[PDB]
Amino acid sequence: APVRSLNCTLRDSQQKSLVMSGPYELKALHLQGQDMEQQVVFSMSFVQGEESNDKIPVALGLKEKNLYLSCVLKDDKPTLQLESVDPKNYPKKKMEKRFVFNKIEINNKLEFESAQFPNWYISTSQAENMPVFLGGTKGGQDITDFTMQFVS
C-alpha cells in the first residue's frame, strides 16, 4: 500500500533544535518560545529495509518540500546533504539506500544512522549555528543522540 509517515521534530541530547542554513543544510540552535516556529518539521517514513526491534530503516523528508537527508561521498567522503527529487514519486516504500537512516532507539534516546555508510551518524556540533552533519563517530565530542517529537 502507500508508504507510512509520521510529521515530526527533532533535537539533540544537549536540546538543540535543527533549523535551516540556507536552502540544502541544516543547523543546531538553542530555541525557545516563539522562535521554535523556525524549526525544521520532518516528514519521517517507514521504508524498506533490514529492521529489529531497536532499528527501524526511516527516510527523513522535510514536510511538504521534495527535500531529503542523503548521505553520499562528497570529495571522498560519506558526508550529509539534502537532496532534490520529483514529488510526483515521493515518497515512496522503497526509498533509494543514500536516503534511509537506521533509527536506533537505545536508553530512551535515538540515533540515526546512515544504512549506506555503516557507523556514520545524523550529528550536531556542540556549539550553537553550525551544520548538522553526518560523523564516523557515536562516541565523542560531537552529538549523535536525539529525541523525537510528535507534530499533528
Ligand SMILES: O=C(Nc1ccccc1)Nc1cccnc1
Second form
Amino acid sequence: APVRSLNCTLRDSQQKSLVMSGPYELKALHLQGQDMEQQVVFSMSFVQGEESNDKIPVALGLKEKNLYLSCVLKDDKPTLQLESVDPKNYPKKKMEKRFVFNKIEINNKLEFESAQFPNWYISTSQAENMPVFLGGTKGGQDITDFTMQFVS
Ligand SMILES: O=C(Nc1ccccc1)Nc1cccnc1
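Return the structure block for the form solved in complex with ligand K0G; the form deposited without ligand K0G was the one displayed.
All chains and molecules follow, beginning with the one already shown.
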C-alpha cells in the first residue's frame, strides 16, 4: 500500500528547536512564542528496513517539500545533508539507505541513527544557531537525544 507518514517537529534534549539555515541546512536554537512558526515540520515516513521493539526505520522529509535528510560521505566523512528528490516518486516505502534513520526509544527520548553509517547520529551542538550534523559519538559533548511533537 502507500507509505505511512506523520507530521512532526523535533527538539533536542536541551529543548532547542530546528529551523532552516539556507536551502540545504538546518540549525538548532532556543525558540519560544511567535518565533516557533519558524521551526521545521517533518514528514516522518515509516520505511522498509531491519526493525525491533525500540528501533524503527524512518525517513525524515520536510513537510510538503521534496527534501529529505540523507547521510553521505562528504570529503571522506559521514555527513548529514538535505537532498532534493523527484516529487513524483517520494515518499516511498523502499527509501534508499542514505535516507533511512533508525528511530530508537531510550529513556523517554529518541535517537536517530544513520542506517547507512552505524553509530552515527543526528546531532546538535550545545551552542545556539549551529548546524544539525551527523556525529559519530552518542557519548557526551554533542546532543544526540530528542523529543517528538505530533503536528495536525
Ligand atoms: O514519540 C515517540 N516514538 C514514536 C514516534 C513515532 C511513532 C511511534 C513511536 N517517542 C518519544 C518518547 C519521548 C519523547 N518524544 C518522543
